[PDB]
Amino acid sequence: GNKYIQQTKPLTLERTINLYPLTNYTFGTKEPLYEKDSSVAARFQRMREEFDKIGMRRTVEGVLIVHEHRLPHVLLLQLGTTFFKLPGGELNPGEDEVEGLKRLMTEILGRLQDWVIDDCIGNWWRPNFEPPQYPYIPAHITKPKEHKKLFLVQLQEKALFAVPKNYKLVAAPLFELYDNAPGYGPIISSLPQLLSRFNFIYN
């Protein structure tokens, strides 16, 4: 006649994430961090070169979320009038995805901080040495040139970031990103969709 107390619903079905006020975070400056490639031409030339040497490029990026007045905002790094990027970068050959993201996160925003990364939110592939990227591997494409993996990085209640001088740390509300590929690209603009399944607790 005994009955078992039910277990918390699977995290795959209901995933709760705690968000904190924008005012809980601050930043201090650090020396500028220049882009590895000076132009679009140099960018794809380096991609072609490395592809022959080490294979497909493996990129990882973190999505840090905060809120203001119960509205989720994604932290972005502004490098130009219309150039925004997520914190992250290229993994080294054989390097573990999550450990690599933690290394890259510390390099870009690190003050000792221990990043919490327990959720994969998406994947994007670049089939050719061209700008187009897709959220799936195109048919008949057995050698994508780049694979980008996005992770949700949970922030602590309060945090201090160290931002390179040439970057501006901004908090972008979802309504600013949604259907705004012209302003943020295909990856950042679809973050609202990718974050919709999360049950955010607005602290």
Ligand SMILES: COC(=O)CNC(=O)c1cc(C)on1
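Numbering follows the first chain given and starts at 1. In this text, rigid core is short for the largest set of C-alphas that superpose within 1.5 Å between two forms. Residues that one form lacks are left out of the comparison. Compared with the form solved in complex with the named molecule:
Core-superposed comparison between the two forms: the CA of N92 stays below a 2 Å shift. Comparing the forms between the two forms on their rigid core, the Cα displacement of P131 stays under 2 Å. After superposition on the rigid core, a single segment of 3 or more consecutive residues displaced by 2 Å or more at every C-alpha between the two forms is found, at 80-82.
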Given for the second form:
There are 2 protein chains.
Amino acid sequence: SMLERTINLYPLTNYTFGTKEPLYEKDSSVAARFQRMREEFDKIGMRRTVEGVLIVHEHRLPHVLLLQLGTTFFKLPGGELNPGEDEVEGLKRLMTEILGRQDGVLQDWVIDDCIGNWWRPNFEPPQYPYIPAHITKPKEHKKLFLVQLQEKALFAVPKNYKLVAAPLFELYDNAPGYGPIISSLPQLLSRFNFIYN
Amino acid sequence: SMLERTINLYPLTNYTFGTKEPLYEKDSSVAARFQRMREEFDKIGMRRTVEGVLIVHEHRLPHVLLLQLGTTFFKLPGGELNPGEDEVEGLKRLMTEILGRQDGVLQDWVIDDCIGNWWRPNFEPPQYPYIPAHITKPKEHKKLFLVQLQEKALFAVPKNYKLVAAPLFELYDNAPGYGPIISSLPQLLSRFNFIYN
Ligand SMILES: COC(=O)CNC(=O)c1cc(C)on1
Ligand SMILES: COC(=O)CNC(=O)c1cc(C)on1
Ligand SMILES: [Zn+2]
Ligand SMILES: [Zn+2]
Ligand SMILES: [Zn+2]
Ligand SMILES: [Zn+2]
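What would the structure be for the form solved in complex with the named molecule, given that what you showed me was the form deposited without the named molecule?
Below: every chain and molecule of the assembly, starting with the one above.
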């Protein structure tokens, strides 16, 4: 009767948000972005992307940690895998690069749950939680994982971003604010048994 | 790197859809429905509901089995738990009542995965994949489970319903056609590794 995965959440006030050098995108525009996606596809095939969902609470309400690029777009911490790179080892690496500490102290990332899969059929924005009818060579595969945090940690946040804590209700049905992946996190996280430490 | 649950899907042509006596709803209208929900709440508290997701394929495309009530509403097989009734034992019972055989041959239901949770804060239609801000006494809790089918089976379908197989793309972003629970099944099923037998 208890088939649900059990997850420890801690207070947002348990975590320290420091700063480090800016981290700039590989692509200076959307047009550059899909161009580099075409070049790499012809050379090494489908892009493989990994993204981590980090969760906290304040006063027993779960929030998702989102990365805000100035006052423009919201992102989940993650990035592109190299060819032959392990998914889980890759997401740990990408999250050490983004939020890992100035003082070189190892973060202990715990990743044991897949929460979703998304596919990009063309060199265009549209993405789906399945492979569409007729598509044999999708251009990107995005994998999402749940990241269990330690009781406390310090995260060094590149100066050009801010780390914000979004409650679920703000995400729910906000595809325009957030896009179709982040706006379905409430549905995707509903199977978990959160403990509010 | 393989953290995904593995699920066996079979061809739709592997299953037989026979018929049995009509099964009528406890409530003859929406108004009757919320009235009986008020009466039962005051007596035994929050309504507890369970619903099963049954999946097949044809030519390697996953479909969800939906129950259609004439040409009106689409439903997942499930129903209301009695007080002190186990969730999993309840969903098996409710699914034997709905699709179990005229000839009294035991179906073998395999249920090992929670796929979601929904909450109804008032005696009204709106439901959310979380408990909203300020709500201490929600009126209904709905639990969704993945039901692994056997290679073949015969299902006896009450004469007043039809069992239809909906592909994911038809569900995706169709809240008006289907409502907010069924229309988010593609996001919810994306974590599984389907084998297409
Ligand atoms: C929309 O987000 C993605 O596609 C994956 N995330 C990143 O690339 C990323 C970049 C930085 C900094 O932190 N995460
Ligand atoms: C929208 O569906 C529900 O609330 C749960 N399902 C049923 O009550 C139900 C009734 C019959 C027949 O098969 N399933
Ligand atoms: Zn508090
Ligand atoms: Zn793929
Ligand atoms: Zn085929
Ligand atoms: Zn509850």
